[PDB]
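A single chain comes next, written as structure tokens; it is the form solved without the ligand.
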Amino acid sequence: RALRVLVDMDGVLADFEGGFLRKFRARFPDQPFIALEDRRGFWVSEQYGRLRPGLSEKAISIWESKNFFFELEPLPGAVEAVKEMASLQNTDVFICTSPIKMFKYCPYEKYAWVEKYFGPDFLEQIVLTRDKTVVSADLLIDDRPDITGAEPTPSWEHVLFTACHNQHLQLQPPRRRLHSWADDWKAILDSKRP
């Protein structure tokens, strides 16, 4: 009966791409980098790996460092939109996020970041998982173009959240986008209601 919406964290609530570039440039000032406008493909480390040998490992070292996830800044409008979305009648919102492989800091900092921007009671809405296809819901708003896993037919409709790395992608017709949190997310939710 309640519409269930899963909202991604990196690239949707938290500005992973800008935080990464800033810290990469500060730590490795003598290395070439990729301006956000020139980002292509989901995996940051793969594109850095193509720009020069050893750069993929240096890029990885930035998000594996302590405080990287905790210090990410929210995207404009994200905190306000998700707070409003969660307060809507017949609407349950969960933050569904995938941790990186090195787990020393990332899970902990993601819970701390949600507590900081949404409060202690919102911690109950977090789902950490590498596989989002096994989480059931009506909608998944996520900036990754291809979301796959153990369930071949996920129950949610994936709405692609725009990001520097996917903004030029042409999607297969059925597929929809949410361009930013300033875009009309309520209309998307309502199109899925009974």
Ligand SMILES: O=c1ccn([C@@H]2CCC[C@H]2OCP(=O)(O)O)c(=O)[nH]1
The other form holds:
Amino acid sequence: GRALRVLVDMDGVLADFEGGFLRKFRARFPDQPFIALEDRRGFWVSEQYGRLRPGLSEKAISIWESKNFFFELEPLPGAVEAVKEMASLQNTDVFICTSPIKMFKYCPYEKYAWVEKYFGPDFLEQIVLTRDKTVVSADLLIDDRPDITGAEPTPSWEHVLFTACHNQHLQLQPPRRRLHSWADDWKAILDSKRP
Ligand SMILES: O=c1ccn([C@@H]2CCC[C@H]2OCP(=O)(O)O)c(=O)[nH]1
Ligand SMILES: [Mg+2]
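May I ask for the structure of the form solved in complex with the ligand now, the form solved without the ligand having been displayed?
Zooming out: every chain and molecule, the one shown earlier first.
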């Protein structure tokens, strides 16, 4: 029968972008104020830093534009083990669906390298790098960004919101749902979309 197709985001879902950012920001800019993860609000880190002090948006951006930022992100707890299990399930196809930053010198390369490191060379064929996730067809999209838009007004996937510091207080419109962490019951979410 037909395979269930699941798209899994990278930053904020597999890879700890928020924690990696804060640690490197504090190391490079010890002089400057920062935003603790419990105080993060709004998807874009740079926009919140940009309200906090003039110049700080540009300093924030410079952290993720730096060589080795993406490569050195730690996996979120349980993320690698869950996605490996998910990809092994019968009648289930898993793709990693992630976006590059605007400055493209390191980020695409390092994202491939990161997937090779944690999932192996054979998983590289499961990567989709795109700024528009709405044009990728699937049953499910697991992603930390609350509002996902693009060229396709009616995407085929159901978006399941993955909890992150910046979204944890958001009330969503029914019938939208969440995956709270990789410890939460992702298999039930997948099962709800099967034939
Ligand atoms: O504040 C930020 C800035 C950038 N990012 C992601 C890192 C790579 C590109 C950007 O992708 C956001 P996506 O299109 O929602 O996957 C974030 O996840 N948060
Ligand atoms: Mg994300």
